[PDB]
Every structure is written in structure tokens, then in C-alpha cells.
Amino acid sequence: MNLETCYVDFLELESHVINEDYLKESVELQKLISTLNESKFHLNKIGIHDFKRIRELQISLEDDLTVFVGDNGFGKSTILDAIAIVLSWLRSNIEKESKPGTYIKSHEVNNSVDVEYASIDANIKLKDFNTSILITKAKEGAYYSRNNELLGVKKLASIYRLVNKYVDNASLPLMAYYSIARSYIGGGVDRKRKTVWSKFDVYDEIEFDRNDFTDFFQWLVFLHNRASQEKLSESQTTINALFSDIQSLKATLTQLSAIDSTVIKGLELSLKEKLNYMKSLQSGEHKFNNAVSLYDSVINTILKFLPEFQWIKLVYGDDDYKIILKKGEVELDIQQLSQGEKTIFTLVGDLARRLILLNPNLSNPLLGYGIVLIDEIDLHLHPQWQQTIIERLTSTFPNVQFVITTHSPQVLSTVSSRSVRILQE
Amino acid sequence: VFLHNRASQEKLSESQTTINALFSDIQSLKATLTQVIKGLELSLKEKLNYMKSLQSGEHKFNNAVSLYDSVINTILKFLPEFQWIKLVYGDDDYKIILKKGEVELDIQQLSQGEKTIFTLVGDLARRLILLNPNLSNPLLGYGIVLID
Amino acid sequence: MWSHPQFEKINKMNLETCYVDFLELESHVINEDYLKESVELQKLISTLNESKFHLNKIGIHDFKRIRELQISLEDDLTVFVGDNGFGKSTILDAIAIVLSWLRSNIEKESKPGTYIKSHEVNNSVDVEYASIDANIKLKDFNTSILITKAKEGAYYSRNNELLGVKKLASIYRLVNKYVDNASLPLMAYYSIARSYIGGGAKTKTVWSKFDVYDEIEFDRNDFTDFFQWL
Amino acid sequence: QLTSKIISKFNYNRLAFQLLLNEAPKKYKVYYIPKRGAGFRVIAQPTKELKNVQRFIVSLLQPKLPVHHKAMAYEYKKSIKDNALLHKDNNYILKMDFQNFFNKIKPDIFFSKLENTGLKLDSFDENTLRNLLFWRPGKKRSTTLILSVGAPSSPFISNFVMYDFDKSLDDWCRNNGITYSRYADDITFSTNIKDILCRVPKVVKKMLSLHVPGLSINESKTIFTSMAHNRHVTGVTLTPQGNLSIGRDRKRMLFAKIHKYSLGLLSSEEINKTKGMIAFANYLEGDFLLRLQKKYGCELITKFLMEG
RNA sequence: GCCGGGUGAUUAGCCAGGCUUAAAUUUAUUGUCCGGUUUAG
Ligand SMILES: Nc1ncnc2c1ncn2[C@@H]1O[C@H](COP(=O)(O)OP(=O)(O)OP(=O)(O)O)[C@@H](O)[C@H]1O
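Protein chains in written order, with my numbering: chain A, 1 to 425; chain B, 1001 to 1148; chain C, 2001 to 2230; chain D, 3001 to 3308.
What the hints contain is simulated information worked out from the structure, not anything from laboratory work.
Any given hint could be a false lead.
Below, computed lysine-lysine pairings styled on PhoX-like, alpha-carbon distance capped at 25 Å [claimed, not checked]: (1) D/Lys3029 - C/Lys2012; (2) C/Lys2108 - C/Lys2064; (3) D/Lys3029 - D/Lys3140; (4) A/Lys165 - A/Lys287; (5) C/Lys2166 - D/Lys3221; (6) B/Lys1086 - C/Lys2064; (7) A/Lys105 - C/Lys2108; (8) A/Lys265 - B/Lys1086; (9) B/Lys1086 - A/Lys250; (10) C/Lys2108 - C/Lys2209.
For each label pair, taking beta carbons as the anchor points, the in silico distance ranges come out as [as the list claims (entries may be wrong)]: (11) C/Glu2152 - A/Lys194: 39 to 47 Å; (12) B/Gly1122 - C/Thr2224: 29 to 37 Å; (13) C/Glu2152 - B/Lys1099: 16 to 24 Å; (14) C/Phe2218 - A/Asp204: 33 to 41 Å; (15) C/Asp2021 - D/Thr3003: 55 to 63 Å; (16) C/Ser2089 - B/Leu1128: 27 to 35 Å; (17) D/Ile3080 - B/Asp1106: 48 to 56 Å; (18) B/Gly1122 - A/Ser280: 52 to 60 Å.
In this text, a Cβ means the ideal position worked out from N, Cα and C, and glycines have one as well.
Taking the hints into account, I'd like the entire structure generated from these sequences.
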């Protein structure tokens, strides 16, 4: 049964039926959830026409890994940002209907006198479902105007919106893009100088930035404190007394109202915190997840990528925190690490966080679906590390489509022959 | 706005024990603060300042209403076309309403010529009315003005 | 802005007929070599070159202080004399308003322009809406345009007329498509806020004739670009 | 009783008539037509089954709805020639025009006029009338009905609707020596007194708002004319002497066509086209054929007429 | 006076060139397959 057919009957049932409980218990909802649960996100092919320096190009992408080898004047990066433009429209529509995305600026259309407009098109296959999108823009003063078609993307985003609207704890696709500037942003470890981590916080940008690592540190502290308090097993009666203290704070806010923009903002923030605490209590009633297990896994994958280091501990030492790594018989903070190790530390610590937040519920949140675009894979890595990076990326995250541009023969030798595309002038 | 607020409370009465009411407002502000913090403290200080109305206690000939009348009548001399200027409270905000002929006008809809005179004369009278708090007619101080 | 079976009627030489004859010839010939030398394109270019831009007349109804009047403008110079509060700037604002839709449509078709602000309608009780009308006469050709806005709170609708200015803008775009260095008309406005720029960009490199169509009003940064251009 | 007559005349059963009643608004076809010049126009026309019942409906209401005698459109034994005979002997002329005239008539305003005439109708007939003469564009939940144009019943309905406006404006124009006439959505005024035509734009607006709310005046189609410029009323030129005319350009065109026909260089299509044009011009002037006969002879004219 | 409109008549005729007449700064000939009007079969 195609997901489109399961979609239409649910639309009819929702229009007819009104009972929310009946809709939740409806068979159609279970069938739709089951079908959506296993559907490998996959990009089939993409064509570029008069964009930047490329005149015409049609390419097909593999479902697991594809390497773009072969230098040429047009530049490999243009393809990656071309895909980034297409992907930018999906998330915006997911957040809210009819939300705009990234347009093509008039200063990137080809300067040759022959051309008059530029267009990029691509197709997404989800099991048997097929959607296509074209983004186009004509030069200033042209006789004819061109417009994008967004019927397919809007239709695809509707089922995601509905699922989150009915069912809760649902998971959304992952889209990320690591440019070549990560060396600077990641290198800011030296000084470079929130409580309720929602799902849509990561659904704000696609390009890696400094603030991502800044958010990473705070996320680690929050997870550590939450895990430590849960492990200490604070009295359930004390927890209910904390809920009654939140009710007392709400009573104080009511007294403040029954006597102030700052006061109103503080009261709103306190009410939001109380609502988040109530939701956490509700999750705790169902035994919730395992904070210690997730905090262990996030450390474990990083240690998997750096075999020399023995262990990593937060070791706050009062103040705020001070992460310490044990190299041999010495202890060093992240500001004292090497240039090569920093890039791996930030990359893995960012991908792990994105999969943890984007995909809750699932027993192992490290088995999500998505697409990752990473450029210059062989930056600041000695040849010994260059022959093993692909194996670990394809083993830790087996269900994520990867697009990679390489530069050195060491990486090229390990990969097979059906996953390499050569661009020639 | 402050001139009009003191004008209605002091000269036009309609406040009963204004000192007692403002002191009770200060006490209520302190009680609310006890059971954003800087803003609450500033509000308490402002309430205490308003509670000092009996502390001032002048009610002289140069009251708030007399200053309001002097300011408006002074402005109207330079704009002979208009009839009256009033302050209107609505939609939780204040606006200035002018009469021209038989049509009501706001402040944004005037021309550039009457805007220049309105601003210049209003600021000139504001400084004299504000730096001479003891003259019976405060438009009698001394100074020097340069105009280009 | 379309193709027709070339209705004949009586014989004439209007610019519109030459425009539609070229469009009719377009649907048959595909090779551009014949198109670039066809006598119809020569006729269209020759007719377009000798025409002189000229705004004919303007009428204002119930806008700002003005209740209703019609003005006829000379083709080379006209001067308005009055006192303060007599609606001298109102006329210039109305002209810039109707000229912005023509400015907008040249860069790209079906692009909006400037509307009427809600505080520009008259404050009288009996009014319901405000309107502006205009007319442009290039040689024999005549075009018209109407812009209107209903008073807030009413339950009756009024819309705009935009067929003439879109038809005129299409001729300019078509001519520019087949001419290497076609010219364009000039529209400018020097408001009272030009004294602020009295002596108070990522290495701009490419200069084109479409950068002067960004706005109808001279304000702020246009002085800086002048230095860069010089 | 009205629904009974329509059911009996077309021998419709209960279920069929009900089925047609709630699907009647959507049986319309939308198409484009070319424009004289450049552009296109939008038309919407019903099906064959709905047209011949609309025509039957208008036959019942023709002898019951009064129409003012100053409307010269869609009326028996009335045409353009009778419209231009009113202004044929006056100097100054002013012309105006409405804005989207045909889509401003709705059943809300239609039934209000019906109630005022004193005719009482049942609720079932009200339902039948509302769902038969009106068009519903957009989605099925729009709940908006417009009279439209291209339907056999719209032209008659508009004339009945504007009766109050016609009556209220005619007697006002009579008291000031002004002539008034309307054709569809065109209004024309004419007079001999100087500086009296500059006041009527406010009067028509006041009567427009007082009698038929919703309608409005297009302000970009107002024209003032005198005897020193071109004068015409809905396509007929007025000589300064005061005679109707077709125009010198067409007179010369028809003379050239006949001259070319005398040499046998006219295709069969142009023979029919010129014959129809000549017939219309002869009706407009009344002495066109005599002039043609006095120039090319009676034999050639007779042979040309009898051809085909 | 000038200019801009009306047009009976002439011409292998939508040309062209002749003879009249009109005036506040003040027309730029429009939608069919429906409706009424003209003609014809
Ligand atoms: N909404 C309105 N209703 C009534 N009158 C208005 C409105 N908006 C403006 N006015 C009138 O407009 C007048 C000024 O108009 P405007 O600014 O055009 O004239 P101006 O003094 O000649 O112009 P400028 O000094 O800007 O060159 C004011 O006196 C005011 O009465």
C-alpha cells in the first residue's frame, strides 16, 4: 500500500470524524506511522543549467556514498551549495506552511550574453513516492518571467506536519553541511568568551557555525547535571514539592499581576519553564529515557574516533565546568589539544548531537535518516588516519546518505569503483 | 504628558487623598516586589516620588493648570490659523489634536512650515519654563539665543 | 501583450499595429538571422525613436486636502506658486505614485509598486475612497492609469486599472531584447529631504543601466555611489 | 406559483428538477476572446440545457417589471440610431462610464427591488430564482453569486435594477436644460449652456450612493467635447451641421472596394463582408445606395447585389 | 492670423491633389459563439 493512499483515507477520516481519541486510535494513523517509519530518504539525480560557471551538468547520486573526484575550473563547491539551495526549501515549509526559502540572487547568473535564465532541478525518491523540484530565476529586464514550482515539496512537507500534529515524539529528517571554514570556528576552543532543549532549535540553520559548538558545551552540561540528579535519585516527594514550589512561584506571579515589560517577560519565561518541568514529570511517569546511557554513548563515539585518549570526564570542579581528557598519564583541556584532533572532535560532537535531538524515542537514536554534505574530507589528517575515516563514518551511521569531495589518493584507494564520479573538462 | 497628569490631579482635584493613595501605591509596589527586580525597585522609587506630592505642597498661582494654559496660549500666537490644541487619550495612548477651520488634524499631517515653528517655539518655552522655577511669569529669565 | 490574427479594419500607422505585426511574424520564423533584419523590426525601432515622452494631464479626487481638480501640464516647463498649506507637495507625491508602477513593470512584469497610505485619505465624514488618474501621450499613442484606495472600515471594494502601463512596458522590453544599446526614459524626484545628504561597498565592479531603476527618489547613499562612479 | 409552470412546461419529474437545482450555478464554460488591438477578454457562457430555460423564464417576467424609457439597450424597436437622435442638436457633450458593472449585481440587491414593487412571491420560487439566474465562480464553498454577462437573462435584469437611478437623474437633468441617456453602462449628457456641465459629476455620485449601493464610477473614462473637436455617440459621428454620419474613412474604403470589384479582383469572402457593411451604412444614412448608383451605374450595383 | 476637427466631388481609388464650412485649454472609434437592431436566403 502506497503512502499516498494511506494519506488520502486519513484526510477523509479526519474531515469526517471529530473525536480526537478515535483519531488517535484509528487504524489509518497506525498504518501511516508504520509506512513512514521505514522510508530511506534518498536523492536520485540533479541537473544544473547556467548556474555560476557551470553551463550544463546532469549527475546521478548513489544511495549510500558518492565521491566527487577530479579537479576542474568550475569548482566542486558549487555543486554542494546548489544542493543546499534545494534542501533549504524543505525545512522552511516543514516549520510553517508557505514559508519562503533561499532565492537565487541575480549576481550569480551566468554573464555570457547567450544565457537569459538559470535553473536547478532535482528529484527525491521515498520508497515508491517521487517528488521533483525546480528553482529558477531570469535575468533583469527579460521578456519572459520564470517562477518556481513548489507543489511537490509542499505536499511532502504536509505529511510530516500532520504526523507531529497528531502523534508526539516524532522524528524529522537530518540535513547538514560542513564547509571549509570549520577550521576557524572549531579552532575557537581557547576562550571564545537553553534549559529546555526542544526539537526545532537545530531546525534553524544548515551550515556549521561557532555557535553550534557553544550550544554543544551547554547541552553537555545540562545532560550531565540531569543525569547526575536522576542517578542520585532525588525523593519523589521532594520532586512533587518542587512542582508545588513552581505553583508557589506562579502564585507569586499572580500576586505581581494583582498589584512592567521585564516582569511580564520573566513571568512568561517562568511559566514556560514550569510547563517544561510538567512535561518532564509526565515523561518520568513512564520511566522516561536513560540519561546516563545517552551521556555515555555521546562520549563513547568520540573516544571511538580518538583511540589514544583513555577517558573523558566533565570534571566541573565547581565554577561552570572544565572538560578534561587523559592523554597517557597527563590531563589536558580542549584548549590544549592539537589542530588535527579539534576538527574530529567538533565534527563528531556535532553530528551526534544532531541525531540525539532530531530523533528521540527510538531506542538507539544514532540510527536516523538524512543526508550529510561534507567538503575537503582530508583536512589536517596524516595518512594513517586517512585510510580509516570512511570505514568509521559508514559504520557508526549506516543509514545516512553521504556526499564527499576528496583530494588525495589515500582516500581514493579505499573506496570502490561504483561510487566514484570523475569530472573532466 | 506629565504636565497634564499633574494638572488634572492637583488643579482639578478629582483625586481625594492623593498623598495617601500614592503612599498606598508605594506600599503595594513593595509588597508585590517582596511576594525585573531592578524595574520593580525603580517603580517603587517612582511611587515614592509621586507620594511626595504632599511633601512638595505648593498649590500656588503658578500651578500645573496655569503652566498648561500659558504654554498652549504661547504656541497659538505663532499659529493664527488654528483654533485650539488638545491632548486626547485613547487606545492606551496619547495624541495631539489640532483644529483648523472645521477639520481635526493630527501632528503627522501638518506641513513643514508649521512643524518648524511648532518645534522651535515649544523647545524655547520648555527651557525657560524648566530652568526658572520661581518666577511668577517664567518667560522672564535671561540668556542668549543664536539662530541661523 | 499577445498575438492576434491581425485584424485589419482601416489602414493606419499606429505604434500598436507595428508592435502586433512583429508579434505575428514571430510565431512563424524561428531563425534569428531573418528576425534581426526584418523590415518590421526596423519600422518598430524607427517609430519608437522619434516619439517624445510627455505626461498629458492629471486629476486628483479626495486625496489629502485636495477634494477634486484636474491639471494640464506643459511639455517643457510648468511652475506651481502658492503659500504654505496649499497642497504643493501633494501634486508631486501623486505624480511619483503613478510613475512608480511604470518604473516597477520595466524590470519585471506583474511586479507591484506603491500604494496609498491609510492616513492620506481625506478626514471628512462623507468620503469613502481616494483616487488618482493620469495619461501619457507618446506621439499618437495614449495610455491611462488609475490608482485608488478605499477608506478603512468600509465594506465595498475598489481595484486598480493596469492594462495600459503593462502594454507600454512590454514594448520597451521587446525592443531591448533585440537592440544592443537601446535607451530608456528617465524618471527622478528631488524631495525636501535632499539637504541631509549635503556632505554628511564590497568593491563594486560591474556597472549597468538597471541600477538607476532601484528607486524613484534620490536619498542617502546615491551620493556615495556617485563618487565611486566618478 | 412559478415553479409549477416551469416543471409542467418542460415535463420534469421531482427528482430530476431537484438534481438540476443544486448543480445549475456550475454549468458554465470560461473562454478567452481576442481584442481589437492587443490583449484578450474573458467570457463565460452556460450550456444548451440551461439557456433555453433561462429564455423561458425571462418571458414570464417581461410584462411584470417596469423599465424606464431612457434606457436604450436590449429593448424592442430601439437601437443606436434612436440613441444618437437625442444629442444630435446640442453643442457640449460629456460622457462617463462605470466600473465592472455586471459583477456588482447580487441576489441581495435583486430581491430588495422585488419586495419594493409590491409583488409577493413564495419562498420556493425565491429559491428557484436564486439558484438559476446566478453564477458561482471559485470553489464550491465560495457562496458568492454574480449576474455575469453572456447569459440570456442578465441584460434584462440590469435594466430593471437601475430604474430608480434612471428616474431620479432624469428629472434633475430636465430642470437644468440637460439631456440624459444611458446605454448598458454608458451615460451621456449634452447641453447648449456654457459652464453647467462641471457640476454633474458630484450629483451622479450622490445619486449612485443613495439609490444603488456598491456601484462606483470609473474616473479614468470621463470626456468633455464641443463642436470644435470630434463628436460621436456609441459609434456614429455627428456632423457640426447636425446630421448623422459614418465617417469619411469608411466611405472612401467602400468606394475603393466597389471600384476593385468592377475590375474583378475581389474574393468571395470580401463580397459578403462588403455587402453587409454597405447594408449597415445604408440603414444609417439612408441615401448611400443612390450615391453609389449615380457613380457606377445601376446595372453594376444590381449585379453585385444579386451575386451569391 | 496660426493650428486642429466635419466631408460632396475628383482619382487602374484605402493614394493623391482640389472646392466648402466649424470654434472656452477640453474624444484617444470600443466584446463573440450570448442580447436586441439592419439586410438577405
Ligand atoms: N488627511 C488630511 N485631511 C485633511 N487635510 C489634510 C490631510 N493631510 C494633510 N492635510 C492638509 O495638508 C496641508 C499641507 O499640505 P502640503 O504639505 O501639500 O502643502 P504645502 O505646505 O504647500 O507643502 P510643502 O511645504 O510640503 O511643500 C495641511 O495644512 C493640512 O491641513
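Broken hints, by number: 1, 2, 8, 9
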